[PDB]
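In the block that follows, a single chain appears as structure tokens, in the form deposited without the partner chain.
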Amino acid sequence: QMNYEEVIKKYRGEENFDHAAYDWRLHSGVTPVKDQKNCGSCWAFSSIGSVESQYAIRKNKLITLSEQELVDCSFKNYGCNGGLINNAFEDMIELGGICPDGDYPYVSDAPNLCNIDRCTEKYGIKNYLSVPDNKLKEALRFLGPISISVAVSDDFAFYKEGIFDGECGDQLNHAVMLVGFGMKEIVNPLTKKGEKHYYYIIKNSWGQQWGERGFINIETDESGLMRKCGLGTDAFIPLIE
């Protein structure tokens, strides 16, 4: 809901940057991964997560917000039955902030009315930008983690570690967040020596006991244009400033 290039300038400028790697996780920009459990709330978890990061970064504050308040009050979405990232940010603005993870605990699929009053300190967002299907790493590098969508194939769930590059799903069927990229330099199971494998770093919402501490690495190229499984097809990053 804004013009990227217009904002990317206010944060980057002429500063060049390393395209091989930047990890918001270890620079205090990624709050802990959560677990949506058996409720289809990925969208709420993804948007909330990107909001948590803007605070962790910009307003240098660690705060975890209620995905449950979104599942219960974002009407432009369908609670456990699904939703859309931007709709979430939308309703976030409509609601003028979300209660803390703490005053409004998550309860997954268990019926639950929406009570905006369950707290007094609502954390909100001034607005939210949509980042270009490309220029991802760029956004990621200066704006912060990004709520994105992806086609998750069945094997995506088995991912236990490494750099997943397996089969993808049918269509965009999940919201996760991009928190950075990196590049491990492997050798060569195919006869030679060195080689560079670049990857994006995803923060899932299936709890820590999944993939690398809840995070997963998806293949990509130095450029950050190779978006396996539809990565960031839909990509947004909220702004609290």
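Definition used throughout: the rigid core is the maximal C-alpha set that superposes within 1.5 Å between two forms. Positions refer to the first chain, counted from 1. Only residues modelled in both forms are compared. First, how it differs from the form solved in complex with the partner chain.
Core-superposed comparison between the two forms: the Cα of residue 60 travels less than 2 Å. Shifted segments between the two forms, defined as at least 3 consecutive common residues whose CA atoms all move 2 Å or more after rigid-core fitting, occur once only, at 189 to 192.
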Second form
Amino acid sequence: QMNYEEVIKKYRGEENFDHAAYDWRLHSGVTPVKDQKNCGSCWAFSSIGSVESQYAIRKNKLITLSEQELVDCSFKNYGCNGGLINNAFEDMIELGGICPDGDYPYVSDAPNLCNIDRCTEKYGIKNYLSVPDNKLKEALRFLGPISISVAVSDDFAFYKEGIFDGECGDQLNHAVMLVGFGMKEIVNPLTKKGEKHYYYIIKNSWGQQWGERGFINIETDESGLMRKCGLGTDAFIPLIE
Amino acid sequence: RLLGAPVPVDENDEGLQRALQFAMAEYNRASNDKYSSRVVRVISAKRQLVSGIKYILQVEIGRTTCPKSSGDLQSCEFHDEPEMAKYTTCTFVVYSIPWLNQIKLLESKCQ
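I would like to compare: after the form deposited without the partner chain, may I see the structure of the form solved in complex with the partner chain?
Okay, now the whole complex, with that chain kicking things off.
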């Protein structure tokens, strides 16, 4: 509900930056990766991951919130049967914060009635803003990790390592986190000259065994306008201060 | 509209076949009947993306005039009299986690 141009202004101002690479994983902006398991709650893991990231960046605090509470209590979404990121944030505002996952443990598909007064203090957001599909790098650099949607395919669920560029999904279907962008020099075996390969760094919610310890790299250009699998057609980021 | 909700997925979806195949094979094995069953048709299948892949099958099963694969598997034929063929409908819920080369049968309740 806010305006990107006005927000980015106060967080960026002048401070020019390098489009080649920046990784919040090396700047206290990414909390540990979790696992949704058997239950379609990526939309929640994505959201909550974004807010934990905001606390580590702005409050210097390291907390892990409860996506269970969000799954049980977000009447805008459909718990383990899907949801939207912006609905997630929406309800966080109404609920008035979410409890630490230490008091409200995750149990995925297991039957579970919602209960808000289940922790001493809750953590919430002031509001959230949407990021233009041509500002992800800028956004990431001065605002922080972004909760995004992306179209996933089998070639994706089978990713192991490196900067992926396999086949995409049919339509947007999975929710993830954008925690940065990198760049690797790779000598073309035919011209024998090293070429620059840019990419985005994504945090998934399928555990640490998947991909590179839970993360995956996606091919992109220096400006980051190339959004493979439409990654980012849905891009939101919570504000807590 | 939603991320992470169960989607349709076509009948010839190779990933599904494998999913069904597993389900059925698992069944005949769990069944105590000396005759192996097998699917008449796939009514309504849906695939949900999660920490792995989840399938939801609605199929009509039937009893065939065959042994428990000790054969092939492989297509016999269904029993000629509908009472030995004991046709019915089942709902399978398979859960595959490929990057862990594992697969399960979460739910298999028949009518």
